[PDB]
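Undergrad: So the chains spell out like this:
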Amino acid sequence: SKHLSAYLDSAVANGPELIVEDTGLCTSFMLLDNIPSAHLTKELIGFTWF
Amino acid sequence: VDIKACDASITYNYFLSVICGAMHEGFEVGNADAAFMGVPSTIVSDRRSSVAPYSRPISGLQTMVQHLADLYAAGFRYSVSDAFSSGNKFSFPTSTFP
Amino acid sequence: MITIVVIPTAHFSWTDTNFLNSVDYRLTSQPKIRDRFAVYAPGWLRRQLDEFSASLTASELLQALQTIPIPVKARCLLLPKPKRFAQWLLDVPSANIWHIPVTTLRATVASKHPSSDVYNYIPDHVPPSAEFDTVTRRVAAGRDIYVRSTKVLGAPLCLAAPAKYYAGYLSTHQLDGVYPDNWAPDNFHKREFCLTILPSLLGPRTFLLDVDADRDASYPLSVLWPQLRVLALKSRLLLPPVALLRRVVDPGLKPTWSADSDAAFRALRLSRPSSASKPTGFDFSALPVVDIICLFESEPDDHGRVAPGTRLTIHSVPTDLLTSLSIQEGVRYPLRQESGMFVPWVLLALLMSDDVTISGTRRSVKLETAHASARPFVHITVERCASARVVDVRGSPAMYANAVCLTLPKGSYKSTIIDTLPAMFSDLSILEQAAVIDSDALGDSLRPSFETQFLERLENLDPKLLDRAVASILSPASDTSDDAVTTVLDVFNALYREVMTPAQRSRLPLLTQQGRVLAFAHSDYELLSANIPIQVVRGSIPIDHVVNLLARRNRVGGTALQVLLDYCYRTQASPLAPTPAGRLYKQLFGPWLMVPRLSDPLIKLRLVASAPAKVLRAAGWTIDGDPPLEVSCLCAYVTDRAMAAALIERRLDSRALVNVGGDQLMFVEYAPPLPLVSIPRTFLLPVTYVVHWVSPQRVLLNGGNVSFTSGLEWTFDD
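Protein chains in written order, with PDB author numbering: chain E, 176 to 225; chain A, 590 to 687; chain B, 1 to 718.
In case anyone wonders, no lab produced these hints; they're calculated from the structure. Note that beta-carbon positions come from the ideal geometry of N, C-alpha and C, so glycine has one too. Warning: the hint list may mix true and false statements.
[Said to hold, decoys possible] Simulated pairs of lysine to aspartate or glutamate, EDC-like, Cα-Cα distance not exceeding 20 Å:
(1) B/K254 with B/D212
(2) A/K678 with B/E669
(3) E/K177 with A/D635
(4) B/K254 with E/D197
(5) B/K604 with B/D640
(6) B/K254 with E/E196
(7) B/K414 with B/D566
(8) B/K604 with B/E713
(9) B/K81 with B/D91
(10) B/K414 with B/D440
(11) B/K234 with E/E196
(12) B/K366 with A/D635
(13) B/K410 with B/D438
(14) B/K234 with E/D184
(15) B/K234 with E/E192
(16) B/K464 with B/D479
(17) B/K164 with B/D181
(18) B/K234 with E/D197
(19) E/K177 with B/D479
(20) B/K414 with B/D544
(21) B/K464 with B/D490
(22) B/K604 with B/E630
(23) B/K151 with B/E131
(24) A/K678 with B/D653
(25) B/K410 with B/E630
(26) B/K83 with B/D117
[Said to hold, decoys possible] Stretch by stretch, here's where chain A covers chain B in the computed footprint (C-beta under 8 Å, at least three residues):
(27) 221 to 232
(28) 525 to 533
Could you put together the complete structure from these sequences and hints?
TA: Here it is in structure tokens:
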């Protein structure tokens, strides 16, 4: 606020950065592992498969 | 009326800084690329905007101011070599205008 | 042959063996890489640009240069004045390749006013009534050009005829300047890539290199940077430096087809196996630095998960600092110490850096390093080196070997760099703590300390006024709040002017006239008001000091006097653009950090100044032996004894005004100030140094105080 800025001729001589291209996956949401599964080794063997 | 010591009272911390800024801003109206007295235009970083800093050219006049302000802020560095005294030359800086 | 046009950055190293290194030193790591590049960028063109810089606008200059082919095959052939020039076509008749009549030639020899006729009708003759572009247009033709002036641009300029005609028509230095062009040509080779400082039409096979740093302000073509950048931007032609390392060029980061996980990319692995027995056993003026992107993270949640965190960019941290500390990429180091402060090495990285910004945008941030922020960071990981280049250090922030004063706001971490860093080595002489001057020294000198006296005066005011002042200073929106703060400022100014100035002025030799002094101050005014001939550098650190000093509780004031003093000093400081303090630190400590990387031992030096025994005895000193005494003013280090001896024959034009009291407090003064750039860049100096007798056993009794003058002479020692 109150950042009064004067118009400058050279300042506007930059042009916006229009060309931005992505080769990754067009997504914005992620699946997560919020609570990890337990590693059973003595009892309940086989109920989990990593 | 008369200033008590105008030479000793003109200084950078109050006076010259204001003048340097005004002159540098006052020269903005003009071709950014126009050498003056053999001093070419140069690129300087503008940091007025914390969100959008950048660098832009400035005319030779402004380049002169850039150095001139630097010199004034550094203060004049005199070297005394009085002959009446004996073997006592030295140098010390001061803000006193020439 | 793809071409990359290059514009040098702020402190681009020019005298480097290879221009290539200053671009990005990673390109030199592998033979398989360095063989893919040509450079061009000839010196003769460099000199021409240096001259014409003051006479052409950016648009004109770009318009003129852009058409020139890569290897300039043409030459500018200067013609001598007609009276001189005409004789050439008869000294060798076959040299009259235009076949100007003999009658006209000797008519010119006879005339009091030899006309331009000898030039007239000679094809491609350029009269002084010509313009820059006229030359450039002919340059595209590749054939040599005949000119009548030295101020020309685009092609190497050499004499057409032997020097005898131009002599008298021109003078020695002028006659000298054309010698490399007289035998100018050298070949240019068809590798995969060729860098160039010469601009060109940006296109499918020409690219603009983007380094993400400010240009060299002194470099004459930096003015072209905006126009070039925007044209490249609008067509997606910028190249980040990392792209050069890939086998095939593409503008981008994290490409699909490449993981960019290779030893070539890792800039931290700086290696120097090769050698050439060259005089630069080391060039301690060239310093490799890196820009790095680091990820910061806080404590994990109750189930071991962790927040996404934030990544910041640190600019131009010297690489040897990281290497010597065995820092490695992709390792999540702990960030916080036992007491919650930062681990020392991180602080060093911040201190010696130039700037810290958010990784993506270009917003600079001052990092906090205390208990202020919630969910504070506890882990740090360096991810990749955005850039890695060598930079020239010689005499950049500071100019004189005598001393230099750095101004920093109160609460900076100067203690860390001056104590922990040399202590982290403690094996090679870096400095003497007796020579560094803490900014608080003079304030501690008064019998009641300056802080105590200020406190004692201050309490006389009403507490509410003080309370209002402190709150206003903290609250950023509290504009001025004149009453409360101004009253305090008056007390501060009145006291400081009254007591501090004479006390400061009474320590003049202590600040400057020692061996080599490094000093700190809270404001340049502290020195200017006392007339102390020492260069002052207005530094700044990329960390929030206000919060930092808010954590220091064991002081005379209850953390409130500190902020008051901080504001007073900042108010007292002169308004000017301050520089990053890291640059000064790089100039001082940088070269030392490269010592462990060296392969061969060092060699000590000094420039002892003599002292006649007559004045010493006349001053009541008891001294054995007739030979004049000598005193070491400053020690230096090299490693190639051969060239070092070869460079020791210079006679410095700077006298020394030695002064010493009976208490053996010894002082030195150079009547012509000794500039750092005068030191050959193969040398190496300690950060601070203390003058001392080379052989204290020579003296047997200190008489009265002594002063004398002598010359200076670099010499070996054993």
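Undergrad: Look at each hint and say if it fits the structure.
TA: Quick rundown of the hints versus the structure:
no. : hint               : in the structure
1   : B/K254 with B/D212 : holds (18 Å)
2   : A/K678 with B/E669 : holds (11 Å)
3   : E/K177 with A/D635 : holds (18 Å)
4   : B/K254 with E/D197 : holds (10 Å)
5   : B/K604 with B/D640 : holds (11 Å)
6   : B/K254 with E/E196 : holds (12 Å)
7   : B/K414 with B/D566 : holds (16 Å)
8   : B/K604 with B/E713 : holds (14 Å)
9   : B/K81 with B/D91   : holds (16 Å)
10  : B/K414 with B/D440 : holds (12 Å)
11  : B/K234 with E/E196 : holds (13 Å)
12  : B/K366 with A/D635 : holds (18 Å)
13  : B/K410 with B/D438 : holds (12 Å)
14  : B/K234 with E/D184 : holds (19 Å)
15  : B/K234 with E/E192 : holds (7 Å)
16  : B/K464 with B/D479 : holds (18 Å)
17  : B/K164 with B/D181 : holds (17 Å)
18  : B/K234 with E/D197 : holds (17 Å)
19  : E/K177 with B/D479 : holds (13 Å)
20  : B/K414 with B/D544 : holds (14 Å)
21  : B/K464 with B/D490 : holds (17 Å)
22  : B/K604 with B/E630 : holds (17 Å)
23  : B/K151 with B/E131 : holds (10 Å)
24  : A/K678 with B/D653 : holds (17 Å)
25  : B/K410 with B/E630 : violated (41 Å)
26  : B/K83 with B/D117  : holds (11 Å)
27  : 221 to 232         : holds (count 4)
28  : 525 to 533         : holds (count 5)
Of the numbered hints given earlier, the model fails hint 25 alone.
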